[PDB]
Each structure stands twice: as C-alpha cells, then as structure tokens.
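> Place chain H with the ligands on chain Y using the hints.
Chain residues, written in single-letter form:
Number of protein chains: 2
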Amino acid sequence: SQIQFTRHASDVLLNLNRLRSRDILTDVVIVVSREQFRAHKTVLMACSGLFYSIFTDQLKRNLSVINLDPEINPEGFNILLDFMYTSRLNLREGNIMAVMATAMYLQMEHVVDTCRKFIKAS
Amino acid sequence: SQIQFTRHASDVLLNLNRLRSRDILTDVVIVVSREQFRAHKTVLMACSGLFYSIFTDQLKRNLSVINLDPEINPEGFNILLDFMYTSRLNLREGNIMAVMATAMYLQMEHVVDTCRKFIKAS
Ligand SMILES: O=C(Cn1ccc2c(=O)[nH]c(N3CCOCC3)nc21)Nc1ccncc1Cl
Ligand SMILES: O=C(Cn1ccc2c(=O)[nH]c(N3CCOCC3)nc21)Nc1ccncc1Cl
Ligand SMILES: [Cl-]
Ligand SMILES: [Cl-]
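As they're listed, the protein sequences go chains Y and H. full-length UniProt numbering numbers the first residue of the first sequence as 7 and each following residue consecutively. full-length UniProt numbering numbers the first residue of the second sequence as 7 and each following residue consecutively.
The following block holds chain Y by itself, in its conformation from the complex:
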C-alpha cells in the first residue's frame, strides 16, 4: 500500500560510496597484507558474513582496525569492497580464483555462487 521508490536503495548506496570516497564517518580500517582500506562497518556487516559476525560481537564491535588473513589477496578484497558499495562485480579470468576464494573467506555466499557460475561459463 506504500508508494515504492524504485531507485531509492541504489541512490542510498551511491551516496554511501561517495561518503567512503571522502572518508566521511568511516569507522574502520581493513588491513590486507601491505594494503589498507577504510569503510563503514554498517556496510561491511550488510554485505559479509565475516564482518557481520565480527562486529555483532560486543567484544569486537568497537574495533577500529581489522587485520585480515595475510594470505588474502588485496586486489581480490578491493574488488569485493567495491562490489559492496556499487552492486557491480568485476570478474575476469585474471582475478576469478582470487575473488572467489576471498568471497568464501568473507562469507559472501551469493557472490561465491556467482563466481561458480562464472567458472562454469568459462
């Protein structure tokens, strides 16, 4: 019965990404080997089982730095972080295995499923 605004969610996500690009109200640094990426915990939680599980725990909720597994490919992580904030996933033959393994680690099941479909179509 409510009026539906079809573009609203995408508009919100766009603006959250704009805030990320200006480092406004970002509240965590994700360290992946020699690279670091800032983000909003709320978005990470919305998009990742790993981050949801980390930040829902009152023991870790207030952490401002998260060190990921050193084995994680920083580029794979970056691709997934960008996907979180844009809805667009950059899969290529050169990055498919790194992105897929990283998505497994981040517990992003729908993305893992999409990587499986990409492999199947390759």
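Rather than coming from a laboratory, the hints here were simulated on the basis of the structure. Yeah, the Cβ is synthetic: ideal placement off N, Cα and C, and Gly gets one too. Fair warning: there could be bad hints in the mix.
[Unchecked claim] With beta-carbon atoms standing in for the labels, derived distance ranges:
#1 Y/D17 x H/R67: 18 to 24 Å
#2 H/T12 x Y/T62: 36 to 42 Å
#3 H/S59 x Y/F11: 26 to 32 Å
#4 Y/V37 x H/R122: 45 to 51 Å
#5 Y/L65 x H/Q10: 17 to 23 Å
[As the list claims (entries may be wrong)] Partial pick of chain H residues on the chain Y-facing surface, computed with a CB cut under 10 Å:
#6 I9
#7 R13
#8 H14
#9 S16
#10 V18
#11 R24
#12 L25
#13 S27
#14 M51
#15 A52
#16 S59
#17 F89
#18 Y91
#19 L97
#20 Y111
#21 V117
Below, chain H with the ligands alone, put in the same frame as chain Y:
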C-alpha cells in the same frame, strides 16, 4: 562490463534497517519534540539535504544528538525516517501535509515532488 547485482542495493538497505532495529552502530539520536529516534548518520546524510549539510560540517559531524525544530510533527518525521531505510513512503490523506512540510524541512526534494503529485491526484 561489470556483472550487475540487481537486488544488492535493496539487500544492503534492508540490512541497514535491521541494524537500526537492533540499535547496532547507530550514532545519533534525532529529537523531535517529545519523541526520539536513533539512526545511522550515514543513512540520514544519504537521504536528506538537511542531515547531509549538518554532518558534512566538521563543526557538527561528531554530534550524537540533533534537536529538530519543535514545530516538526514527530509522526511526519517517523514516516520519512522509515522511508529512508525502506524505499517505501506511507502517504495518506491524514498525513500528506505533515509529511510534505517535514520533507521540505529535511530537504528531501524528490519526496517533496512526490507529495505534490499525491496532492494533485487527490
Ligand atoms: O546478512 C548479513 C551479511 N551478509 C551478506 C551476505 C551474507 C552471506 O552470504 N552469509 C552471511 N552469514 C552470516 C554469518 O553467519 C554465516 C552466514 N551473512 C551475509 N548481515 C545482516 C543480517 C541480518 N541483520 C543485519 C545484517 Cl547487517
Ligand atoms: O545528496 C545527498 C542527500 N540528499 C538526498 C536527497 C537530497 C535533496 O533533495 N537535496 C540535498 N541537498 C544537499 C544540501 O544542499 C541542498 C540540497 N541533498 C539530498 N547526500 C550526498 C550527496 C553527495 N555525496 C554524499 C552524500 Cl551522503
Ligand atoms: Cl568522519
Ligand atoms: Cl553499537
């Protein structure tokens, strides 16, 4: 060239609303006369000119309480806050004028335009 996830933005917004409902990582209380509403500043900024302008200013960015104009109808505000987190706007004959005036105050231009269309269709 990137794979588009058509439901992703709405999924993110849904999960942000779930976090709001559990008061997880909310960082501001919006006081509207005798009522109060918690939220995430990032979402408020994404959806409102007023909140964008308030929290982008380094003078006010860290405020944890915002007192709105006492004249603002709390129900009108609540309807708009729910819209921010859901994409669904509950317009009715009983609330149209309060919602519209509140949307003007919050500088939510697309919503104001929609209220004008509602008035025109009434
Ligand atoms: O749902 C997510 C995050 N999210 C996105 C994809 C995805 C996924 O594929 N799996 C998991 N989990 C969770 C932890 O346990 C194992 C599986 N979470 C995922 N956030 C969430 C859920 C409920 N209210 C608020 C929030 Cl923010
Ligand atoms: O765009 C908005 C918020 N938003 C939503 C609707 C709406 C609107 O109708 N008007 C205005 N303004 C802004 C202030 O000046 C007057 C008009 N902002 C609006 N956030 C935003 C913009 C750019 N990067 C990051 C962010 Cl979060
Ligand atoms: Cl900030
Ligand atoms: Cl919290």
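> Please name the hints from earlier in the document that this structure breaks, with their numbers sorted from lowest to highest.
Of the numbered hints, 2, 3, 5, 13, 16 and 20 do not hold.
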